[PDB]
Structures are given as structure tokens and as C-alpha cells.
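Presented as C-alpha cells, the chain that follows is alone, the form deposited in one PDB entry.
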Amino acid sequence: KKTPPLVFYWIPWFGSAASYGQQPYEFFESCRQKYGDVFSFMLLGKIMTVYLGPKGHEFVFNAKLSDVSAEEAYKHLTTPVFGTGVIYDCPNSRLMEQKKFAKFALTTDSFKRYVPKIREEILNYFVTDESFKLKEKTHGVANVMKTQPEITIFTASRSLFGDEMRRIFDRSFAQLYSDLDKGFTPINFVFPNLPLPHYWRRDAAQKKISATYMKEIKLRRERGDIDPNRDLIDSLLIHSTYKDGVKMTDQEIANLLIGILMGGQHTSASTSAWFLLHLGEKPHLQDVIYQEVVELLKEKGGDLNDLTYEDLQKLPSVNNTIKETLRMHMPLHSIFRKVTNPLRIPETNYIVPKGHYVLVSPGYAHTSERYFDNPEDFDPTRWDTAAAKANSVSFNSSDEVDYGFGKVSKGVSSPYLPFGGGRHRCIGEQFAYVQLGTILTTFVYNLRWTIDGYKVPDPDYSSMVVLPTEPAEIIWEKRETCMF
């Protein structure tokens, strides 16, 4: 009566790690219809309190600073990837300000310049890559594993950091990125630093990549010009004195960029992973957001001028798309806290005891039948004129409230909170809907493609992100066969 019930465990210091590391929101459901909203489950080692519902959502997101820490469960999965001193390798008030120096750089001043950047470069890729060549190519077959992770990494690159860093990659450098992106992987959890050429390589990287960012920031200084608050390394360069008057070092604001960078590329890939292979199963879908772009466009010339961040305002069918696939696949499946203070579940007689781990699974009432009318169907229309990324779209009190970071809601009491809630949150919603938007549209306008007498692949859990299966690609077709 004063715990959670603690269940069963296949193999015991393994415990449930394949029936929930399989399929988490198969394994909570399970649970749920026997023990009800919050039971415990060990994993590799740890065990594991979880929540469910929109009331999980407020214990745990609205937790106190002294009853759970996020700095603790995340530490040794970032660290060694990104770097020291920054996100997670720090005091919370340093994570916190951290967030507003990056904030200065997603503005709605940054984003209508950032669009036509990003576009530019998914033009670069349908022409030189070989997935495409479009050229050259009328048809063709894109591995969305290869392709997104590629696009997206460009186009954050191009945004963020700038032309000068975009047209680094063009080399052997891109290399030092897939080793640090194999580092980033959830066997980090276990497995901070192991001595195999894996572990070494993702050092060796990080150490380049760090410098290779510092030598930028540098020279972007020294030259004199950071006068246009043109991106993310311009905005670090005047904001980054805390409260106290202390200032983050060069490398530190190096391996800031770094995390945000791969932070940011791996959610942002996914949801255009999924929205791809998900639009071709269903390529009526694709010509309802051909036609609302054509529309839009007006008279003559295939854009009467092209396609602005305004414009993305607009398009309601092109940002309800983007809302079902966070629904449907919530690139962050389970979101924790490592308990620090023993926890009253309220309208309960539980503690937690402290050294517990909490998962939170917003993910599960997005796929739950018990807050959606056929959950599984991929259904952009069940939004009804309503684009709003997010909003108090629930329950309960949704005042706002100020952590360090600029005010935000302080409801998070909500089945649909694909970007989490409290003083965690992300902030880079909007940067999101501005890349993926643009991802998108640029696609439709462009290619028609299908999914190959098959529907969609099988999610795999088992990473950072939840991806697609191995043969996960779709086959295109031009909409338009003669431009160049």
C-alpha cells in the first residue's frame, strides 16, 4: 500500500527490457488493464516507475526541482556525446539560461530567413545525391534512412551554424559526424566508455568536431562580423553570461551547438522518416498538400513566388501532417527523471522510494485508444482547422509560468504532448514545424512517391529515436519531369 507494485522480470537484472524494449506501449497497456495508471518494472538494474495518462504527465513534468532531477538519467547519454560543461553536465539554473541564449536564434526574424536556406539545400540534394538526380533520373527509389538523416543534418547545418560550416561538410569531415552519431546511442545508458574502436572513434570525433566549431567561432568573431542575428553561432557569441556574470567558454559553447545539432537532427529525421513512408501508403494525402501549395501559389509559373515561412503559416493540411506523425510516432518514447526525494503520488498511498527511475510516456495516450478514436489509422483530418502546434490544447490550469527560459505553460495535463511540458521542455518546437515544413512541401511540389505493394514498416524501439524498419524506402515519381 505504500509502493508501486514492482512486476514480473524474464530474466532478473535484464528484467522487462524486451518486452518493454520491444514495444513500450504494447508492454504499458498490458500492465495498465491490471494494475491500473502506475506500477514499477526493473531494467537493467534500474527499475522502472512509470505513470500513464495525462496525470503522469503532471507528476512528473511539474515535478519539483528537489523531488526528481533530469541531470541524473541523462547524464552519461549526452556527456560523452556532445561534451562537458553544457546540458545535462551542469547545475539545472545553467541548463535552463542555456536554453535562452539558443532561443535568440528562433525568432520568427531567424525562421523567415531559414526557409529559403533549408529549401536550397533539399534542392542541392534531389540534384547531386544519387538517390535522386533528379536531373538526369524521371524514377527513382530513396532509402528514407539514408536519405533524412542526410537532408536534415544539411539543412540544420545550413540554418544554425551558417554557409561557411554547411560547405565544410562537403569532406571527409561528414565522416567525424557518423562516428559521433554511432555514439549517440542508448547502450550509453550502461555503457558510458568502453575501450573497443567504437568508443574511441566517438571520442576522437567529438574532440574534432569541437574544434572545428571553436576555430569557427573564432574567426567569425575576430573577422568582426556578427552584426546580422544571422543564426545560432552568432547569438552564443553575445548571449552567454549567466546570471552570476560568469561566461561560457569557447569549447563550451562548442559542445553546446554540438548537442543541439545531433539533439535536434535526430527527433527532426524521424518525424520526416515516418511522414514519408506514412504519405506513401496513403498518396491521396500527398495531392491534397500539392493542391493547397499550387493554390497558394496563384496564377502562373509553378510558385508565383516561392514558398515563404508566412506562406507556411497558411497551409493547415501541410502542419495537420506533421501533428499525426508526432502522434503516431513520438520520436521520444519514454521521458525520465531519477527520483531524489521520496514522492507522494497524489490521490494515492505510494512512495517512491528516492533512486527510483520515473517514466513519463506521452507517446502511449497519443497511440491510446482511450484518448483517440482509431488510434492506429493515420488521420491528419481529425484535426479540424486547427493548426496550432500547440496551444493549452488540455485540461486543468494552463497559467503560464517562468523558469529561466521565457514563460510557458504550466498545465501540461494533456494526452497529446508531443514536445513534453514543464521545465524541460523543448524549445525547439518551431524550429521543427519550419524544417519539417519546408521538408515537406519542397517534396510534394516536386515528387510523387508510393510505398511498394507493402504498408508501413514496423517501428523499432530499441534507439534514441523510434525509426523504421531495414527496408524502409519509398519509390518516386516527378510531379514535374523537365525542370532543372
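Here the rigid core means the biggest group of C-alpha atoms that line up within 1.5 Å when the two forms are laid on top of each other. Numbering follows the first chain given and starts at 1. First, how it differs from the form deposited in another entry.
Just one of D373, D227, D244, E347 moves its Cα by 2 Å or more between the two forms on a rigid core overlay, and this residue is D227. A movement of the C-alpha atom of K389 reaching 2 angstroms or beyond is seen between the two forms when the two forms are aligned on their rigid core. Core-superposed comparison between the two forms: the C-alpha position of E299 differs by no less than 2 Å.
Now that we've seen the form deposited in one PDB entry, could you pull up the form deposited in another entry?
Nothing else is written out below except the one chain.
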């Protein structure tokens, strides 16, 4: 009957890019107050159709394969970074199965092993990195936009790839990852390939790192066994065959490893950076966690080195802090699909034309007064309440569906959806919690920190993930239990 209201703009190309780009949530809210929950806005020559709130979550996440395409929207963002033939550079059925393959490395039995490895890496960083140097220093300053991206790549690599990779992680591979990371930008939506050096370094890093992985894949296939059913490389060695019998090439497997690492490390880097800062602003929250962790280990007759995956299950303060950080700082502010066939928006007369892009934003709801009281207050204790819990469950469907990587909720109508929903749902949620939880406990047990200001930095929405604005540091002291 009707196409959704288009948000007025003056600049013929730019559209609403400036405002949407600077502050996505504010922009959405201004648009909502004028037009309602469903509106369109022009962006770099593309028409973005937004559906705010839980009903929007349903509309986009649970949209039919035949109606919208995620790979149409993401191809240019990721393919040049990860490599060809995986993730968005393949049909959806291939993606579904790749997710299934990777999930075999993301189970409890693996996690139980990952935890000490992830802690060890953190501890090594504490001793060797100039931010900490805990054997020499007693006070210090940590730029969390340096420490967290680095710790996250060390812990994730050690965990998912194993010790060998950790072993070869010298400064040469450091440059590559930096060269590749620098190529992982929203600029790829607009400029995926250019002949200025930055791209050259990126393409070259992709080839080099994937080759490295390929070598390790082949080497392990032949001889390797550090320990049983350890990791992601083990998993893909075994689980590399599609349902039609087609098998991933070792180059494709390598490329999938890059995707998984890059996504996981980024989302985790930002999340840990954010909860270090927010905890700095509110140091008493640190002491709560500390108290909980220390009592727990006292029960146990142990020290931090005794802290297990199972222990992480007994620490609600840790897991509430991560929830709250993902509420206030979802790493993805926007999630796109391309409209491939005219969508009718149920409970309306609107029709979304083919060629539009549909945009869903759980972050909006996360940070909206409509769903969360005092949304801009960082309070992990809200997750012990009914209201918050109610915001985490989907009213309409408690039934579950399997898209090919295991059963997920059919219902996505929850205001709080940090890990998305439906077909393209995250598979890294539990791993993220294991990694972030270990990071958080290892920090809190050894250190206490504050921030210089009275406020956490403003978020930067121009990055691949929502990162803290550039000056972002914590000032740390040692806790009586500091291991060094």
C-alpha cells in the first residue's frame, strides 16, 4: 500500500549519513519521534529502512531467506579481509554449515581447557607489557585501546588455534594482523579495493596469514596432538564436509579461521575495553567482584590459578558486568540485510521495495528509556531484577528452530539482543563470556584501577565495533593478592 516515510535530507548523495554516522541511536530516536517506529533514510546512495524495537527485531532477524540477504549487504565489508569462499562470499547454506563446523570447538569441554590458557596469556601480558610490568612496577597506566586489542588477540589465538600458533607469534605476524585489522573498516562498504598502500598491505596480510594457517592445518593434520579435542583448527580438520559431500579447501578453512578470529577478537576487545572503563568510573563495582571471586576461592582452598570454567558459573557479578556492558555498548550498532523481494511489514500498510536495505538495531532498544530505566547508568545489579530478566526473553515464541548450526530461538522479540537472532545469530556468545569472564576475573584479582575523569569516554561509531573515544586509559594499583 505504501512505502515507509523517508526522512528528509538536503545533500543529494550524503543523505543522513552525517547524523546517522555520528550518533546512530540519537538519529533513530529523532526520526522515531517524527515518523514512528518504521522509517527510511538515505545513506551514501542507499535507502535504509529501519524498524525500531522488538517488533523490528522480529521483522529483520526472522525474515525469509527469499526476502532478504545478509551476504548482499556484507560481501564487500568482509570478503577482502577474510578471504574467498566463506562467510559472506558463499551461499547461505554454506555459511550455516561453516557455523556448525566452528561450533564444535565452542563447547564446555573446550571451554574448561581454554580458561587456564586465556588466563596464562593475560598473566604473561601483565609481566611483559610496558603497560603493566608487574614484577617491576607498583602503579601504572594502561591505554585500554592498546591492551585489550592485544590481550584479546593473544588469548583468542592461544585458545582457538593452540600453542604452536602462540609460539610463532612474533613481531612479523604482529605487523600482518595490524595490517589486516587496519583493513577491517566500515570504509570497505564504500571503498573495498583501492590502489593506495593500505589496501596492498591488507590483501598481502590476508594471503600471508591464511598461508600460515594453511601450513599449520596441514602440519597438525599430519602430526599434531597437544591435548585432546583442543580447538578450532582441530575442529575444522574433522568438520570440513558439507551436506552435499563438497569439502572445504585448506585455503577456505584458513579464511574461515581469519573470520572467526577477527570477529571474535574485535567484539571482545571493545567489550573488555568498555567494562574496564566503566569499572574504573565505579571502582566499588570492582570490589564487589573481587569479594565474590576471593570468597569463592577461599571456599576452594585455592588461588587465581585454581579458578576454573565451572567457577565462572558461580560468579554472577562477573557475568552481570558483561551483560551490562553489552547493553550499553553493543559492538554492532546496526545490522543490515538487503531486500531481495518486496517485504510487507506486518501490522501495517507499508511495503519495503526490492533494493532497499533493512536495518535493525537492538542497541537502540538497549539504550532506550522505553525498555531500560536509567539506560545511561552502568549498573550490573539490574540483571538480578525481574524487569531486566523480562527484557531478555522473547514474548512471542519459546519454540526453537535449527537453521543448520543447532537450535536457536524462533522468538527474537526481546529488547535485549546483543548477539542478534535467527539465521545469522552469533555462535560465539558462550566463548565470549568465557574469554571476557576470564579477562575480568584476572584483572580484578590482581589489580584495582580508576579513570582520570568523572566519566567514561564517548563511544566512536565510525569503527567496525563501537569503541571508546581515543583517550582511554585506566590507572592501576596492585591488590594484596597480586600474583607478581
